[PDB]
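> So you can see what is in the structure, the chains are spelled out below.
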Amino acid sequence: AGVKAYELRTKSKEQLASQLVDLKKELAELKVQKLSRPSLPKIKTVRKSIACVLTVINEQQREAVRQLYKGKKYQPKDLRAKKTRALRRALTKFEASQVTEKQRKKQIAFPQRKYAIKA
Amino acid sequence: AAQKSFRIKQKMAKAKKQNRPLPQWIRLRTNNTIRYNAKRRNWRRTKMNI
Amino acid sequence: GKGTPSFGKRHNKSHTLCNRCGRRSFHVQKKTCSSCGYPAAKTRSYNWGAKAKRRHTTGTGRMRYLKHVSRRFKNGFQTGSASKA
Amino acid sequence: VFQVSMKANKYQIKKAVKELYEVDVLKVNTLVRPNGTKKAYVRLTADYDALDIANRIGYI
Amino acid sequence: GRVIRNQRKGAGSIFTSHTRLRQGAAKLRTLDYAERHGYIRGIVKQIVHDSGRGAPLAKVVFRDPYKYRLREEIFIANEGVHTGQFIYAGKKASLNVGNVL
RNA sequence: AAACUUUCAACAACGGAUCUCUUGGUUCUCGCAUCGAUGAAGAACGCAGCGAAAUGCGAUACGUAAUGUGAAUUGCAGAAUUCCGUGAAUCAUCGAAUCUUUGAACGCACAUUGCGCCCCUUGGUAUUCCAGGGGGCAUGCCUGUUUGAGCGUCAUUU
RNA sequence: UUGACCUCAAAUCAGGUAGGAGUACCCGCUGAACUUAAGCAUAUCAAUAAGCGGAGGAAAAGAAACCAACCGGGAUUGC
RNA sequence: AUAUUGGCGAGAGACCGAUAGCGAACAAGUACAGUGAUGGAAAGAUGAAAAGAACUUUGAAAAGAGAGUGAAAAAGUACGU
RNA sequence: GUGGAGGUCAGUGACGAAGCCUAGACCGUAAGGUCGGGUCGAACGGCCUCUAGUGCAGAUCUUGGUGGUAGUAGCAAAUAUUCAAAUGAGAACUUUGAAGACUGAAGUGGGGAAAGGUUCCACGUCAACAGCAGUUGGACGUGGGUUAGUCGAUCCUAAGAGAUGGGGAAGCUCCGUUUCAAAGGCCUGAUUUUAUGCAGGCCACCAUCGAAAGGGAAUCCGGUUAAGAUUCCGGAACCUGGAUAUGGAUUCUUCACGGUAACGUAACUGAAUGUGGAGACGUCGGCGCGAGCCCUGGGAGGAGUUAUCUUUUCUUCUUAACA
RNA sequence: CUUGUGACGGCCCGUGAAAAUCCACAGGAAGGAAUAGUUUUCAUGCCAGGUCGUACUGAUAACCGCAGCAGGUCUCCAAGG
Ligand SMILES: [Mg+2]
Ligand SMILES: [Mg+2]
Ligand SMILES: [Mg+2]
Ligand SMILES: [Mg+2]
Ligand SMILES: [Mg+2]
Ligand SMILES: [Mg+2]
Ligand SMILES: [Mg+2]
Ligand SMILES: [Mg+2]
Ligand SMILES: [Mg+2]
Ligand SMILES: [Mg+2]
Ligand SMILES: [Mg+2]
Ligand SMILES: [Mg+2]
Ligand SMILES: [Mg+2]
Ligand SMILES: [Mg+2]
Ligand SMILES: [Mg+2]
Ligand SMILES: [Mg+2]
Ligand SMILES: [Mg+2]
Ligand SMILES: [Mg+2]
Ligand SMILES: [Mg+2]
Ligand SMILES: [Mg+2]
Ligand SMILES: [Mg+2]
Ligand SMILES: [Mg+2]
Ligand SMILES: [Mg+2]
Ligand SMILES: [Mg+2]
Ligand SMILES: [Mg+2]
Ligand SMILES: [Mg+2]
Ligand SMILES: [Mg+2]
Ligand SMILES: [Mg+2]
Ligand SMILES: [Mg+2]
Ligand SMILES: [Mg+2]
Ligand SMILES: [Mg+2]
Ligand SMILES: [Mg+2]
Ligand SMILES: [Mg+2]
Ligand SMILES: [Mg+2]
Ligand SMILES: [Mg+2]
Ligand SMILES: [Mg+2]
Ligand SMILES: [Mg+2]
Ligand SMILES: [Mg+2]
Ligand SMILES: [Mg+2]
Ligand SMILES: [Mg+2]
Ligand SMILES: [Mg+2]
Ligand SMILES: [Mg+2]
Ligand SMILES: [Mg+2]
Ligand SMILES: [Zn+2]
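Residue numbers (PDB author numbering), protein chains in the order written: chain Lh, 2 to 120; chain Ll, 2 to 51; chain Lj, 2 to 86; chain LX, 83 to 142; chain LA, 2 to 102.
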């Protein structure tokens, strides 16, 4: 059982918030009934449903922030790339490709020609 | 030490939970090689040294 | 009576738990751990202690974050998500 | 009597009980059980009955 | 051979002086404008025994000429100085017992 | 003559040798370059219906989201619509997240679950007191902004 | 009086950046002794072990203030 | 072009075969000792499948004697030989 | 003769390979080889060559296991146990009753600090431990239990430790704790576009850590649990911090009066700054005073002895913090 | 008898901690009344007081002496003859 992720994504934040506070309610009363019956595996689906809603709530919030910071430098660090420490510090392909005027003229004038040795 | 720090009392709780025999349903799983709780401790023979 | 009678007077922990390694080797008076070198920034380690390095080297723990870096590298550190092929 | 998260203090416990159960709290006593959990002793005002609240929660 | 005793004192592990009960460093009043141009007056308040010192201390109270405070000095008591005695320190002080000419 | 000792054989003991297996190790060869202040390695404590350990994970806690596969898991119970399907699985993959207290560890400390300060907000008849929620306050150094200090020093005055 | 310059500070000032781990290989510093010499001090073990600082998938070196003495060769690296 | 007892991914051996081979084929850097730096094990094999002995009887009970499963209880969780 | 490798005997083998036992047999001088018989259940051999971690009685050899000694040495300090009943299959050791004893208040009592860590208490339970025993347990299995504005920590500083500014050291790090520092907040008022910069003024230690016996704000009594209490319940208090309203006080001589005086009261403005006090203190001897305990009279209740005597012997009659 | 306390006396070439914290005084900046003020060291009146330890032994058995070892381990209360 439990709530599925895809149909939650069609909701809004207030509906999700109402869903969450409702979800936390039964987990309370399932927990008090857990000590009554010898076993109750139904609580597992309840807790997972809370996680699914919480992920959905977070997912919507970040995307709206991403749209807010779209198209301008200095985005929040957690929304940046998490490749490595080294790669983030590495030279970008633009700056690595930069070359002085003296060398650019030599490359354009004298590139490595394609030659064949048969005759 | 009746008057003890919370850190020591936190190590207290885990030791209480550790000291418990093997659950019986562990015996019945397929390819079960565990015979008993080998890491059992008792206050008379082994001290925690914490 | 340096033997049994003297052994009875041992009730003062010279060391306690280390905040960094949790070994019960933190010297209370010296305020320095004798195992991991806390509070010094560098972790205590010696090349003559070949066994000692092996006990606390990387791999003996969880690699809470470094487990997946090889998996991430194999995919070339892709970004985004799948597309329901 | 309630089991409470070890990060909660008496202010939060008093705040929460009157929230979920809409019942005023006289005083709160807390202790750490030997198993590592926190146990809260919440005393309700004489205007309210603990037994009536207890089975309303679902245990008695 | 083993390090002999007189060497071992220099490290100052247990050979430092026991200074718990001393009332303070017995120094004269600092040399300022008043003393090198005139004289200043003081009052002997306490004649205290100093721990580890045979001579007694004289505890003289002075007035700060620049701020309204009551700078208190610790002298080494000379034979014949009594409590409540006025003490004169400075270049123009009269030659009397306890003065700091 | 019996008992007893000793020798031998059968059976039975003690003990675990030999024989036969081997998800292990060792050695050699080939390919790749990927840790961390966007918080590493390591530590502590916790999380399952029934778990002590190993493994997994972090109050979203043997896990959530996404994709692929296509009907399970299993010791028991339970759950079934999940079965011609946006769909079982302790499945595989893995790009989105969560990630307790720590730790280079960064408000100050730490043998304490100690003590602070700033902003927004809520309640307590409150800018000052108290409490709750959220976000912050390390060191060195670089570039740039702002405010400055120095008869170090110029010009400009009256 | 006003405005510059130079030097030096302060900002929870706008951006960054360094610290730790691993260390088989790599770049340096520091640095022994056992042992051999049928003893032993120079020597040898050894410009090694331990210790300390610093990177990458390689590092380092690298295009002669070179080798040569020949009819001269021609960065570095390795067999 | 060179190095690499580390890390990741692979292929092999006139290598070793549970007192061997890594200390560790197993909940091994674990249990355990030391105040501490550190030191540091032992421990693999029922059976094809638990089919792990229903039931009767003696005993307070553990168990024994029967009965039974099994190709084999001269395989009975102290289990290959 | 052994482990492994190349080649061959289209070698042996679940109709039983290897291994193990066999005063059963055969061959070789021997190292050894072959067969029969019992157990056994999955691989192994003959020959030509190759290769080695290849042959054990010793090494006070290593690891593991087992003997004689041997049912032996022995289980003898701490004065001491006995009868009956109950549970129980089983009682010298368990429970209860009775009896005899001991510790004898610098205890075998009642609590604590360091340490231990659930040993505390309950239920069931005796396979191993309690060097006999065991129905018992500090054992085994399953659970319960630790409540604080006033008790401690947290706060302060002591001997001491230890950053920063600095200066050494190749470096890990060392020295130093106010030192060759541009080392900050304190309060009042203005502004009510408005939040707080300008108005001012003020001050000079200049991190931090360091005591569960040093210093320190404030709680007592009664009752309750299987196990908690100065923490829980009832009652009665106190301290700190903060918002305040009333009453009281004082004022037209604006910030009170009285007493000669020591001084008294219900209050009875007071910033910067300075001074003082408390915190804050050795040891011994005797003396005075207080509290508790001990002794004892009268009386008010209860119990014991009573062949005889004993207005007798023992016991209850208590009053916290705070005002 | 134990203990607290007061006033004393003896002893020293020994004269027998510091800090946090609280109060008072000196001071007179400032603010203050009459148709109304001033006053929160007087009384009453309201609210809050977080966090962590709290069980038990403390020893011829709960600590260290490999152990249920005649050993060692700081302290409080102490009836009658
Ligand atoms: Mg001692
Ligand atoms: Mg010490
Ligand atoms: Mg508490
Ligand atoms: Mg020699
Ligand atoms: Mg020689
Ligand atoms: Mg020699
Ligand atoms: Mg080295
Ligand atoms: Mg290079
Ligand atoms: Mg170069
Ligand atoms: Mg020991
Ligand atoms: Mg057989
Ligand atoms: Mg068999
Ligand atoms: Mg024989
Ligand atoms: Mg056979
Ligand atoms: Mg088989
Ligand atoms: Mg050999
Ligand atoms: Mg032999
Ligand atoms: Mg021999
Ligand atoms: Mg031998
Ligand atoms: Mg005998
Ligand atoms: Mg004897
Ligand atoms: Mg006494
Ligand atoms: Mg008990
Ligand atoms: Mg026995
Ligand atoms: Mg027995
Ligand atoms: Mg230092
Ligand atoms: Mg402190
Ligand atoms: Mg204290
Ligand atoms: Mg004192
Ligand atoms: Mg009191
Ligand atoms: Mg008690
Ligand atoms: Mg009460
Ligand atoms: Mg009056
Ligand atoms: Mg004083
Ligand atoms: Mg009274
Ligand atoms: Mg006394
Ligand atoms: Mg005296
Ligand atoms: Mg208690
Ligand atoms: Mg208690
Ligand atoms: Mg007790
Ligand atoms: Mg005691
Ligand atoms: Mg005692
Ligand atoms: Mg012990
Ligand atoms: Zn450590």
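Hints listed in this document are in silico derivations from the structure and should not be mistaken for laboratory results.
Among the clues, some could well be false.
Derived CB-CB ranges, DEER-like [as the list claims (entries may be wrong)]:
1. Lj/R11 / Ll/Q4: 19 to 29 Å
2. Lh/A87 / LA/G2: 50 to 60 Å
3. Ll/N20 / Lh/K26: 46 to 56 Å
4. LA/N100 / Lj/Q30: 19 to 29 Å
5. Lh/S40 / Ll/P22: 43 to 53 Å
6. Lj/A51 / LX/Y93: 51 to 61 Å
7. Ll/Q4 / LX/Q94: 41 to 51 Å
8. Lh/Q34 / LX/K121: 17 to 27 Å
9. Lh/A87 / Lj/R56: 21 to 31 Å
10. Lj/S35 / Lh/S40: 21 to 31 Å
Below, simulated BS3-like cross-link-like pairs (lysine-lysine); rule was C-alpha separation at most 30 Å, straight line [to be verified]:
11. Lh/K78 / LX/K121
12. LX/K121 / Lh/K49
13. Lh/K43 / LX/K109
14. Lh/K78 / Lh/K103
15. Lh/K94 / Lh/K12
Here are a few chain Lh residues that sit away from chain LX, every Cβ distance over 10 Å (derived from the structure) [stated by the list, open to error]:
16. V4
17. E8
18. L17
19. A29
20. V33
21. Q34
22. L36
23. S37
24. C53
25. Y70
26. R81
27. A82
28. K84
29. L92
30. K103
Yeah, the Cβ is synthetic: ideal placement off N, Cα and C, and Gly gets one too.
> Flag every earlier hint the structure violates by its number, smallest first.
The structure conflicts with hints 3, 4, 5, 7, 10, 11, 13, 14, 15, 19, 20, 21, 22 and 23, although it agrees with all the remaining ones.
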